[PDB]
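> Listed below are the residues making up each chain.
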Amino acid sequence: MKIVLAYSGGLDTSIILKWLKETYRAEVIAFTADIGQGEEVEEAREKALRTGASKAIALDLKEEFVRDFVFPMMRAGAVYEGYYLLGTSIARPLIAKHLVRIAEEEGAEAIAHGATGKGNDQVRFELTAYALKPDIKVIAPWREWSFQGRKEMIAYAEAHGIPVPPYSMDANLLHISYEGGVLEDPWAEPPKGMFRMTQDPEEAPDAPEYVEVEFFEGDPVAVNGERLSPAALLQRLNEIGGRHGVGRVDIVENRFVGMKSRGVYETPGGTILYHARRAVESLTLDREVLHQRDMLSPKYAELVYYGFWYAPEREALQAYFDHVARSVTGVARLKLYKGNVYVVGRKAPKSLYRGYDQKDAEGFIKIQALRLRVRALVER
Amino acid sequence: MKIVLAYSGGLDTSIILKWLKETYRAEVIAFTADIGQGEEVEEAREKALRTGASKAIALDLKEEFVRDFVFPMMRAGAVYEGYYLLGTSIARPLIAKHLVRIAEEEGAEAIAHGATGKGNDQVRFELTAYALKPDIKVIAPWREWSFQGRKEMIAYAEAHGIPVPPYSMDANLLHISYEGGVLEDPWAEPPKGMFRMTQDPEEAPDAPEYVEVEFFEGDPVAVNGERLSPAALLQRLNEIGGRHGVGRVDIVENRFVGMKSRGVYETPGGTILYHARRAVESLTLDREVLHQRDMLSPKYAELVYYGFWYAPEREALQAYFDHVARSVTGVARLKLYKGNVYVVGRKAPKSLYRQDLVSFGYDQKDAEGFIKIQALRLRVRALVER
Amino acid sequence: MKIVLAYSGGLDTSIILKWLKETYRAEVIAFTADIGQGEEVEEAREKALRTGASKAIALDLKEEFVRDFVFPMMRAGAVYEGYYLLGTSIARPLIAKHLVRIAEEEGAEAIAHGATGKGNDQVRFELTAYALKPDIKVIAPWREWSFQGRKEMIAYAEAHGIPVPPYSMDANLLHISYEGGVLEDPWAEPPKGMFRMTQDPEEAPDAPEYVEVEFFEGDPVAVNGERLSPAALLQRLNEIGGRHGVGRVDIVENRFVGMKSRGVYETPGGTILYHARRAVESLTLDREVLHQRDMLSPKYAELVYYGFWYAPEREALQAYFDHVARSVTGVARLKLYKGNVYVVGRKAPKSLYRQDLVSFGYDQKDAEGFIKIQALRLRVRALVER
Amino acid sequence: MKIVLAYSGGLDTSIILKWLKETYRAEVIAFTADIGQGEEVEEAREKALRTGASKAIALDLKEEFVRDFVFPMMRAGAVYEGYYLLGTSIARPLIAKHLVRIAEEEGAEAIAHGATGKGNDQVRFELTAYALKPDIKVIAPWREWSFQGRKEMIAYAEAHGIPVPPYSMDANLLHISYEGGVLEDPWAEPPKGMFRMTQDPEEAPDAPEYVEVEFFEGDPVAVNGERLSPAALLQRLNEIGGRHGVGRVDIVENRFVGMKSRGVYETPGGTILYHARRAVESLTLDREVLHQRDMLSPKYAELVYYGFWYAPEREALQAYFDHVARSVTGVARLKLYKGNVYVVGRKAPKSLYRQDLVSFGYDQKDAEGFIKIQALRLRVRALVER
Ligand SMILES: Nc1ncnc2c1ncn2[C@@H]1O[C@H](COP(=O)(O)OP(=O)(O)NP(=O)(O)O)[C@@H](O)[C@H]1O
Ligand SMILES: Nc1ncnc2c1ncn2[C@@H]1O[C@H](COP(=O)(O)OP(=O)(O)NP(=O)(O)O)[C@@H](O)[C@H]1O
Ligand SMILES: Nc1ncnc2c1ncn2[C@@H]1O[C@H](COP(=O)(O)OP(=O)(O)NP(=O)(O)O)[C@@H](O)[C@H]1O
Ligand SMILES: Nc1ncnc2c1ncn2[C@@H]1O[C@H](COP(=O)(O)OP(=O)(O)NP(=O)(O)O)[C@@H](O)[C@H]1O
Ligand SMILES: NC(=[NH2+])NCCC[C@H](N)C(=O)O
Ligand SMILES: NC(=[NH2+])NCCC[C@H](N)C(=O)O
Ligand SMILES: NC(=[NH2+])NCCC[C@H](N)C(=O)O
Ligand SMILES: NC(=[NH2+])NCCC[C@H](N)C(=O)O
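Chains as they are written, first to last, in the working numbering: chain A, 762 to 1141; chain B, 6 to 391; chain C, 6 to 391; chain D, 6 to 391.
To be clear, the hints were calculated from the coordinates, so they are not data collected in a lab. Some hints could be false.
[Stated by the list, open to error] Chain D regions said to be covered by chain C (calculated; three or more residues, Cβ under 8 Å): (1) 123-133; (2) 142-151; (3) 183-195; (4) 256-263; (5) 339-348; (6) 357-367.
[Claimed, not checked] Some, not all, of what chain D presents toward chain C, calculated at C-beta under 7 Å: (7) 87; (8) 351; (9) 370; (10) 384; (11) 388.
Ideal placement from N, C-alpha and C gives every residue a C-beta, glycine not left out.
Just chain A, with the same shape it has in the complex:
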């Protein structure tokens, strides 16, 4: 029996690698994806072999991540519960996609991940796995073992020679998420110094910085006149937005499995892209199309948040969003200053910005008012 483990190189997946070998008397193939966490994945791959993996794989997936998951999501204007730009949410389908592919190639009957039984990640990983390979076997150790606390887990790792290192973090090219520990009290502000991807607004440059972002067909293709690949472009905007402290959100969200959770997120590049997109859309999209689009975005957002990426509903809505986004061609000009992003200009080759006479308005108004006047007369 072989098992493809989503291995991040940390303590838990290291413990998991050992636990899987003994518990399932299985050969474990480790997989570590480079999605912009800011770590040398090769070090994780080598730790996996030291830990006991029969094979360890590491892949640079930053470009596939931005082009095939982040970009399509952004085209939809996806925002969960008013603020969450879904940084962790869209990255999970990508990881599981490769787990299942590797499982196929290696002849493995199962896959494993270290997401807990109380979060969203477990759902995202498994819904994707099942959607792509229906008879795949999934093993989620957190829902199968009986560790009674951290102490017991550190003891288990020390016993296997696994080296042992106030909140939980998840970082990738789109954002860095923070939750748990001290963050659990929604009345308490995050502690100073917690953020890593964005500069503290109180420490941002004293002068504002202008940035231009070009969109061609619904996707951003250039920054300040320089054409950049998907991953390179997000990276650049992260650098630019980050220096100014842009993209910080603090919310109490509703998880898919039932409870509320306090989360903090920094999405510098994606936040600039959100406003840049809407800026270009303001000139290229039709009024009714836009209004219909905005009423569907929230639904799309929850699909991503819940884990229904490789699902027919999401694919169907994507057909609508992509259609609409094809008209988003132009340039947005933004002004960045101490934590904030300001749209300051926009232009487009086929802008709809700027015939009748005042007289037509009276008619328009009379007809629009008819049903209201009738209703009024009936009330008498």
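On the provided structure of chain A, position chains B, C and D with the ligands as indicated by the hints.
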């Protein structure tokens, strides 16, 4: 014939007052509402009499404005096309409501206003009027007169004794709007010094300021522990957020009459309230309720923007929003700093948050069954696709 | 330990009553609700006591069923996946509501039902139970026992001395549902003579029959001029519609649990009410209100179907639907003929219909301006396409 | 100048053709489209030349109508206000399309139609024309002439010389619409013998008739095993359904221009197609995709009804509906009997139905976990209410 004119006190409504009297051989009753435009309404009232009004009425409607129009709208989370908090939009129904009221009291068969034929305000004024008094006659001079240019309008004014004087502004307790002129080029950043209600972030305090807003039943009732009436509360938050340069928006919007236009808005108090409201809702509203509510907010926003305030669709949706909003009770803690509003905390008497469920309602294993069932249709799809 | 069992009086809940006693060694309180199954619940109550119940309760809930469940649902125009009027769906919450009431009165820590692990009813019973009493314990024998076949169950019944006798059916005041067995093949028409509530259309009267239904406030209050209580009214329309074979539908629906299921339903009275309601609404509801209401109906429907009756989302939407329904006052005249229901007329005290607006409230030029304004964005669009 | 006139060959467009020759003294080009009105279109073309038309054109557009307009609409499951299948609505864009095409080919500056200023047709014609050629000049005689009454028009006709003859009719391959006259009273049943396309239910065969419709990637491609082109297929289903009296609807609808109107429609073929489609969808579409699609259908319906066919909103939604419809491949079996259509069977090569998931990937106990997790937020809510 009597005509009740929505009189702002400026050049155009003064020109209109004289124009109406002669064109319609009627007497004009001028109505000026104080909705926080930062001017002395009694001066417009007196100017109306000097311009020829048979009667001039001026009313302080700040409290009614915020209590009966702004609060109801905020309750619904209304936001037009992603950023417009509807500052000018919700004020129009209030004005027209009083116009129709005064017309009935004065025995006036018609009402008038100085909104142009190419904007949204004309629709808001008239849809409200017709909805409240179906037989009312509406006179909109811009759509009727033969004035050809500004030059001629000035000559007419000067001939009639009316005193004469880079963009058009509309200010009230909720915001200040700027559009037209130099703002007509969507690629040009607005001019320096344009903003009035808010301080440029570059000049905002170096020290962030914490502000707490208490919501009792969907509406804000206190700021930093001090109980304030609707208008006093909005005023307070404009002062606080204004100093920090909060609430600035720059957008190209879609007008109801069919064309796009570049608008700039500063809504300090309203912006703080928008995020404060959502902060309290994050603890007091159910997941499914919240998601449904957010999908209807945009529709409600276009209704307000188009002018369908006193319309059945709007009142029906208001029943939904008011039901949901009744649960919004708690306190939001925000951090203001150079143009931004950061939510840093929230608490509520009946908060649905239980860290009991997040720290390390079921045991992990229940999650497996949940996933299996949720995945069934997807697995079936995959098997069929073979 | 005490366990309140939702007892229908059939073979399975009889086997379950025994099973609960043996498995848990608890006192079992059988509850049978009369919701129009066309069964004498007092027989079931007696059989329950014979089967071993420590206490058996039988309540007539026909009026509560229609008044507090069917009517609120009908006001929303709830229809699941194009054709399902939710007959079985709205009944479950009522039953679970009493199961928990009784458990609390008797001091029973648990409730039990005989819905299987493959369907929707399990979710409906349990979601309302947990929603009303969060610490209640639920026992669903179908998900806990070892019986591996029908034959095994019958033997267990005999070994326990319980009386023993091509599809499963569920009947109540709203409809009769048929699914399973021969019906599992979606390409096979239901067998002849299966329907029980409606007469076969080929055997229905040769002369159409006219019926009028009065609505006052969103709910039906009279049939052919006779005031009738909710349950009596639904009963009456079932008699009238059934005689004509009205209300039959055949669909393959999506269960909440993931798979498709072939179901057949007969809802005579409800079908008449569905069309009668829309008929009165056509004169009493505003265009925009109607269009908005219709786009929310499908959502409310899935909530009911899934089992989210005592859920904040449903109660929120209910506030909207109730608000809109308050105007539905008038009379619908329908024609019934061999399985079909035809709306032939409608009237209302405050009908918004006006023949003068259509007979050959504005002049022709108004329409021209309306069209021009509506066309503006389309023309700018074509011009840019150039 | 040149004017292209949408000419139906009837009294009014004949009067309109003269009116155009006299008033504008222009060269009128008549255009008559054959879209299944069952009216020898060539008769209409000769009469146009006989009336002063310097050129009359007649085209067989039946196939284009069904393939490019009816099918895309049905693909979306479009239904206006619960019953209207949009028969007249989708035909108008097709006509205006050719008018504008012919105007470009004839160097004509304007186009004209005889829809009145009180209905929706004028909007459909004009929105289509403006969207296709923003520069186009439109002339709507009903809104421009001085005639008051039939008497007046009648004499004017005799005068110039035009043959001269209870409700108004509009017929095409999809349906026949009836409204006006005796139909204006919402309480008055339609007059016996009014219907033309459908046999009276009471006069329909005593024996039910089964029919099968095959769908391929969203569109009907065969009936009872015989492959038929779009127009031939709709024609065939009209014949089969008509003989049984299928597809009759009687409603009071909300017109786009503001007033309610009583309309009667018979859509035999289209009605069979509506139920056949949903039947194939019940096996080929995913639950969540279906539920989403149905909540959007109504919006697409009003877009068609209002006249926004060649509009970005409609084309955008079309991309969604087209994507979803591509999966609709299979066969539906329906039973026709005296005015009703009953789905009795359905099958598909890629059916998502699995008898094994329902008969006695699925484990009963997974349902408990599913239920507990779904119940969590409801339990927390209840506990907080203490
Ligand atoms: N970059 C990655 N490549 C492969 N799998 C990943 C990757 N990142 C996260 N995962 C999966 O996600 C789980 C991580 O959830 P997370 O909250 O980040 O926990 P963790 O405590 O950091 N794991 P570890 O780093 O081994 O201590 C891991 O158990 C992995 O299965
Ligand atoms: N506070 C108010 N009281 C009464 N009527 C008002 C008030 N504010 C605005 N209006 C109406 O709205 C129109 C104003 O449109 P707006 O763009 O503000 O023009 P204007 O510049 O104010 N007119 P004027 O100031 O008289 O030259 C006026 O013509 C009034 O009819
Ligand atoms: N009228 C009722 N009163 C109380 N409980 C009911 C009633 N009707 C249905 N139930 C509940 O619903 C379950 C019925 O599921 P169903 O598929 O109809 O099975 P069943 O065949 O009726 N059981 P039985 O009649 O005992 O053989 C029962 O187990 C009850 O818990
Ligand atoms: N088959 C067609 N070909 C071209 N234009 C048409 C056609 N059918 C309808 N129209 C247009 O639609 C208008 C008809 O509206 P309708 O209510 O059918 O009136 P009408 O009574 O049929 N006109 P007429 O037949 O000339 O007496 C006509 O003025 C035409 O411009
Ligand atoms: N494994 C993690 N640390 N992920 C944190 C959760 C991210 C965020 N709560 C989400 O639902 O996307
Ligand atoms: N009279 C005015 N200055 N009105 C300004 C328009 C405000 C904004 N464009 C709106 O439509 O609400
Ligand atoms: N116990 C029963 N036989 N129930 C009938 C099932 C009813 C229908 N399929 C529903 O899900 O509501
Ligand atoms: N030309 C006609 N008589 N058309 C009848 C209008 C049909 C239907 N009421 C509609 O709005 O489409």
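> Report the numbers of all earlier hints that the structure fails to satisfy, in ascending order.
none
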